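Heads up, one of the protein chains got dropped from this complex, but the rest are sitting where they should.
In order of appearance the chains are A and B, and numbering begins at 1 in each one.
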Amino acid sequence: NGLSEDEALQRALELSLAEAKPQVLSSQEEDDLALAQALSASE
Amino acid sequence: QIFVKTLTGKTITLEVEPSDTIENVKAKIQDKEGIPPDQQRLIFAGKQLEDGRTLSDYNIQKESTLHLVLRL
Partner (left out) sequence: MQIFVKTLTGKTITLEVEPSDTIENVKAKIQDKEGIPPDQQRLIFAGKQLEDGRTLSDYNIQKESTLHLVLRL
C-alpha cells in the first residue's frame, strides 16, 4: 500500500549503477567507509 | 560553518560552534535530513568522531568538510 518493494527496488537498482548511497541509502557502511575514509584522508 | 559531505556528494552545510559536541551535530543533521543519531558516522582526516567529544577536542575549525556514512 505505502511501499512494498518494487518502488524501493527500482530505485535501489538505479543508484548501484550511479554508485551512490545517501540519496536512497543504497550502499553499505562497508563500502562508504572506504570512500569516506579515502576522501577525508586524501582531502 | 562546516560542510557535511556524503558519498552521493550532497554537500549539506552546518553552522555550529567549536564548543558544540558531535551529539548536537547528530541532532542538527536530524533537523536537516531525517536520520537517527546512532545510525550516522562522521569522518574527518580518516578519523572517527565520538559523541562526548567537541569540534575543539578534534582539529575541526572552519569550512571543514565532514564525510557522512550511514548504516543499516
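Just so it is clear, contacts are C-beta pairs under 8 Å (C-beta built on N, C-alpha and C of every residue); 3 or more make two chains touch, one makes a residue touch a chain.
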Could you tell which one of B:13, B:30, B:39 or B:48 touches the chain left off the display? B:48
Touch assignment to the omitted chain, from A:24, A:25 or A:33, lands on A:33
What does the interface between subunit B and the hidden chain look like in terms of residue numbers? 46, 48
When the complex is taken as a whole, what residues of subunit A touch the one chain not shown? 31, 33-35, 37-38, 41-43
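Throughout what follows, only the chains that are shown with their structure count from here on.
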Between subunit A and subunit B, what is the separation of their C-alpha centroids in Å? 19
